[PDB]
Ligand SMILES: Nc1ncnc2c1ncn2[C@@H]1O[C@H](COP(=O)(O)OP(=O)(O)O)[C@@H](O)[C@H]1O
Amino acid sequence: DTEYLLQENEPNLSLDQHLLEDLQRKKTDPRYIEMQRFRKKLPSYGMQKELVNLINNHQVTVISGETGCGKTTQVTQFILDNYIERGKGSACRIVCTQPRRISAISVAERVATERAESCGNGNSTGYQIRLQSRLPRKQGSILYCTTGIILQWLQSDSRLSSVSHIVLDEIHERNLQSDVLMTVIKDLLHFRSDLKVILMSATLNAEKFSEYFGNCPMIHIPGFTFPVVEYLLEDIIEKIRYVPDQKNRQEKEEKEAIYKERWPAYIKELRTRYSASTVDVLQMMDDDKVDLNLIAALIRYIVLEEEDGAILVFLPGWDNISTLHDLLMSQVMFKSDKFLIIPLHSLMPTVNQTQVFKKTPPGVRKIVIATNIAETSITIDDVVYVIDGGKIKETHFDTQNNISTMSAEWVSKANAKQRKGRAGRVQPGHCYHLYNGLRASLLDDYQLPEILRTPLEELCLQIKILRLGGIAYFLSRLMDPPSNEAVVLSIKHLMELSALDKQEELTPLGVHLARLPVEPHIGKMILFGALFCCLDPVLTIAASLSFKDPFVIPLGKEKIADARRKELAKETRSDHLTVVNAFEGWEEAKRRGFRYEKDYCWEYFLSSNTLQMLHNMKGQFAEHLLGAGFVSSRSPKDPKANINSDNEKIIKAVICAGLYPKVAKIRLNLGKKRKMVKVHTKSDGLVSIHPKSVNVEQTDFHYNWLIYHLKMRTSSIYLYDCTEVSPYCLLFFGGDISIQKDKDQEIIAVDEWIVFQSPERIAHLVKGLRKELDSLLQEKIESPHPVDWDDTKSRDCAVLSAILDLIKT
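For the form solved without adenosine-5'-diphosphate (ADP), what structure does this chain take on its own?
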């Protein structure tokens, strides 16, 4: 994925002349001319001279423009075309980062079109994302990529030598990776004077970026929109006469308190300007959930009562998107071939985000159901109607309880304004917001930056792999530095994962974990899934921890669902293996045909949509492992990586590799039916098992130890998903080993509180094996290749076989 980077930037006079002549021919080309007239309508085009002069005269510049300004497709072109016009065309190598893969591809393909060229193929414009590229010509070129690709590039060339201009787009989004890239770039530019840096924001709050970069020049590009009418939840209900089918810590609590206090009076005044039935329906509305039936009813109204145009729907996540898609397709209206209904979500297959293609006649109407990714520059043609569900998925991090969650939260005003602007690019539009007027007045101006709300482990490994020095020091230099407590927790988890040594340097395991673009506990799990040849069930479990588990509890069926779930557990005493068995049973049912598949899901109360998403994530995980050289195939099911996939002990040991140090000691029950099942933890004292767990009532445990992933605190701490494991799993994959005796007995302690009976020689064996495993992983840093398990005698097989023999007890 580094091929463009490794190219050397070498200006050429002959190429300068040739490109200047290429421009002359383009000026006469009907195709090019037609495209130029489209461009001239964009506000960016009109100030092109001042943008290029600012960039040419200053090393760092900040560009702000709102929706429709055209910065993302235009500014790269302005630089290249200015160089070409000046007879310096070959001196340009322009790289522009995008927040998502689909944006990189879509923008690059659109710019190629506007230049009357195909994308890649040695032409002026192309893209690079992980494992897929259309690369432009070496000199006088534009490359769209992701932030991830730049971070990868910095491992190979930390100077970004051959780049003349780096354009960081959509910076207002404040993604973790953008913030770090920004600090890295700031350090580089001070050292190398020939790099131009251009920072682009879609919102007008960009002064902070200018200050960060030393109060560098700023410039504004006007947005472009036709007028868009906005509707609140009151207006929508009133307009369509909606008939229902039925009937993130302290500063959120503050805002809800204010909402609650202003609620009665808001409602009271609302009865002044709206029908009584509207207010009563609005009053019944659930704030926690987007109402998908309302969205269906609104789409129905638009189609029947309003003018032609495409409809864009914004929903928090995959669950909502697939649910609304099924809901629409279950109505004979939308079954027609005059509707095209397209899901858009970032974790579906690559150009399975299919929404770019020229839509076929407008006798057929496009309905795009998308996440917040449709807010960015993406080609969706002819949108007259935007339905804003009002929510966005956000990660939050409770550092006092060490709990990280993903939830749907209210959009900011900036989000809402971007969604509004999507309806006004073609003709006068309509944007329907599913929040009420009181909610609107209480939205935040902007979202809190990710760096403040997110676990830092993945970022910390990036810092180390890029040799940026001390972790806490670097993080303190970011534009918004994270809290000390988030930093201390992050560094601690990485040491307990054995990713960092006590001196905060990468271990060989850590090097490999840094090469996997997932959280390190997931990375460690899938890595040992690869090394131990468990791949398929381990990837299932990993996907399940990353998104969520497939089970649902329908009303009235609670007791029945719990029994079916425990049935799926069999004797494993594992929530994680329960998901494996569910998943395998589902796949087997799928082969027999869709009746059997739906049947299986109703029998075990499984979400088909969740299962499908888990399956897609598995493929991704395998791709990451293939690129890191730990598997030879992109198939989770590849026979050679699955020889151990039926072995319960081996899979359990891999789950333990991933989830340590989240470890609990069982408090023995002693046939007391009046006492809840509880467990001891290092950090939290005695806690409870969640009722959803297959172990919640278990009296029969074969070992004394659990590992868990999800912890929640309501009136007290509950463990959501846990797996019984043998002490040998903790012994190999856990913390420091110590030996103690007490007379007769040989004792081993792991991280000092995990204490069990075991011969002293086992402790020495394990210390030996850990070091041999380090050396194995060390050798693969420079020469990554999958372990060949068909060659015994190989000494990699010897070491890994010995580890497997140990954790089989």
The other form holds:
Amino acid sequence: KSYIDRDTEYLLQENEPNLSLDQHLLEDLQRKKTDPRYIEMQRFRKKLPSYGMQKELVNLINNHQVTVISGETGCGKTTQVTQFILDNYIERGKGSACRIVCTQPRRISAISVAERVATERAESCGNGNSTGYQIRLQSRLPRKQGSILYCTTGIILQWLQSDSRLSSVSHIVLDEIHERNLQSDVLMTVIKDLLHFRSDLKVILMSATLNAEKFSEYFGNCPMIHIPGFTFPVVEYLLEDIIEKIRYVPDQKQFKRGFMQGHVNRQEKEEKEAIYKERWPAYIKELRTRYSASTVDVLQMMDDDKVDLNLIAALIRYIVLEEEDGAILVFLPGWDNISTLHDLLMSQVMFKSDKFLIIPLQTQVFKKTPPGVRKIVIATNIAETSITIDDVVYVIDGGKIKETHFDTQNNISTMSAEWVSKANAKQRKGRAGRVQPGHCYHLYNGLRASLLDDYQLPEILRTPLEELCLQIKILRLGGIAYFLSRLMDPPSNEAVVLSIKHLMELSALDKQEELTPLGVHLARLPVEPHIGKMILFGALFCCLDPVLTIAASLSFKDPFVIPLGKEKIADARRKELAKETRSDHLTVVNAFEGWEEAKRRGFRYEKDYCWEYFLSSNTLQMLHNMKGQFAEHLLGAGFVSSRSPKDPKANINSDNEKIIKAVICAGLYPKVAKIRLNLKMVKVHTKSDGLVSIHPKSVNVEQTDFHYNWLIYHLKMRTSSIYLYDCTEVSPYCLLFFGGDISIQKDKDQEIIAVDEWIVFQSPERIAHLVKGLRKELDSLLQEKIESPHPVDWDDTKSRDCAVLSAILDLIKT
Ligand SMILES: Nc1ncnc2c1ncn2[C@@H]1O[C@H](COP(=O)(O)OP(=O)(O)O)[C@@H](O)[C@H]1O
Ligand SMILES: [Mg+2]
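Please could you give me the other form, the form solved in complex with adenosine-5'-diphosphate (ADP), since above is the form solved without adenosine-5'-diphosphate (ADP)?
What follows is the whole complex; the chain from before opens it.
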């Protein structure tokens, strides 16, 4: 069953309004009106603000093609609007003509919302009922006519490959569009163009209230409607007020950040930090006239770069013991912070009690707690505008959010916990005033508060766009740069040109910006295309487990930590783990395998090993989980046979250092440097940045006997000069195969091969032709795997694919 048809089953049904199903669903609506289950959920529904709007919203939808629906979080948009449309069609006898699709930002929301809406209809979710969901490679499909289907933006985008006009869908609901994810922004533009050819299509955009008229304006100033809600007053507290209220004092207990840990500072951030440090002395001074000396003493020493989870843990304990009843909701960045805080509470006997319910974001999150019991919900930033818990009275805003950024003049992109915007801070405050006067505790000081950005920039202006560029080409939307300029917030052309060029250097696009076979496969991997290249060749070459380890560390971070004052010995342990590999990436592999078998020897051995080698197990654990997700993507794309990164059949080459390094090269090219001849400092030539240095954290920073002239890297940083963060020595035959254009030059001395014209080394002419040939043979192998992809069988020795792949493997081991 071919890849372009996996989850197509709902879309490919034909919309035919059978007049007896029309009557059957009408007969069923009033039969439901007698089931106590249904009337009981109908009671909860009528107390939502959206219910009061019901027949005003359906009339707006019924009368216009494109509609924007505005409303505070919790008013009913996600769960009620699809129901309002189907029930209006059902009651009017037209119920079968109605095939509603509602898109969701995350796989989890598509499932949860479908199950909730189905519960509100006294039905099972899927299984031929009114409501269901479609995720990539997972389905609970509703009936074919008069149905609501919740899905992900990826599903729609894949659907467009099979039916660019989505002809069988009567209504499409774009939910949570204010989040401004890349895919949802591309979808909006594709749907706008589709309205011209689909006079019958209905399109409903659903947004939180801030900036919801921007979406109206983008759609030709289409009708807009706002579901009103009431918010009770919320007392806000800054870090000063919190520290004063609980007399916070930091506790009886420090590893290195920033440049040592691979963190570049963006210069647009540097301008506002200059305004912060310039205003800081006057702000402290005024604080000392209104807060206690100990409050200010503590405040001027708080770290701005990580949420103080110990402060949050203290504040929660103050709330539970000093404030009236009400659930508490915490907004943290990332699951690393959520589990740390959960364990901070759960280690204390006071919170092990039946009078507390502490939920990291779970069956019982919405259910109101008995008057004794206190609910504490620890959630990521995702619950700002998408999950609503009615019980909440106290909101703790950690003040931070995770967001990728892209540095266009140095082409380095990274992810970090940044300060929330004023808009986020106000949405978080609102969540506390939904049922009674609330309290919102903001974990930033007053000066920081005044210097927040008003809104977070859309992803389209911060992400790197390589993955998006592939999507545009796979949907045959035209010229990449031209199409992107039509988005509601077009990216900068510098970011577009960098992204296209990187894709060409990845060999995902050719010189005419057209997809290669490799690029097609990279489009089916929901990761950055350079990471997709690594993990794909980890599957083809059967070195999956160490490759996925390396891919995860590059995607997230390495597991090494550098406690302040222990630099000399931390680097001592790192290079011990290097083991003659001359590779920061293999070093993580060695540390990771040592960790897996340290934890198998007993968990006191695990704690010892992470401690003698300076590894954060919390980092290791998330790396492990990323490996399984990478595998699942390879499973869905047909390159691997099992969701397990340790499958023996995918790991026959997982101990061959040469092969592993060729795969690292596949993912990191064109980040290549030539090692300078030695006979002092270690420096290397780059294509354009000149002669640069090795980062002091790298296991190669003072390495004097390399065995090849070439290394690949992932991160270059600029402080006073340029530094390569993590580098790996590789053979010229790695670059020759996975690199750019190959050219031969000859004279009396020397047959040289040149790669991208500047990577130059001595090799016979025969190897250049042989590599050009194997590249073509690999293209055909990937091309033939485009329809119904299936993993390479390395147990069939006489396989043509095995013959070609074994030739490539033979070449890189040269
Ligand atoms: N899985 C669920 N179980 C119980 N209640 C839910 C569930 N999902 C949502 N709700 C409740 O339904 C109400 C409407 O939520 P929703 O329609 O998702 O809001 P929004 O307008 O922000 O999209 C909220 O008060 C929420 O608490
Ligand atoms: Mg919603």
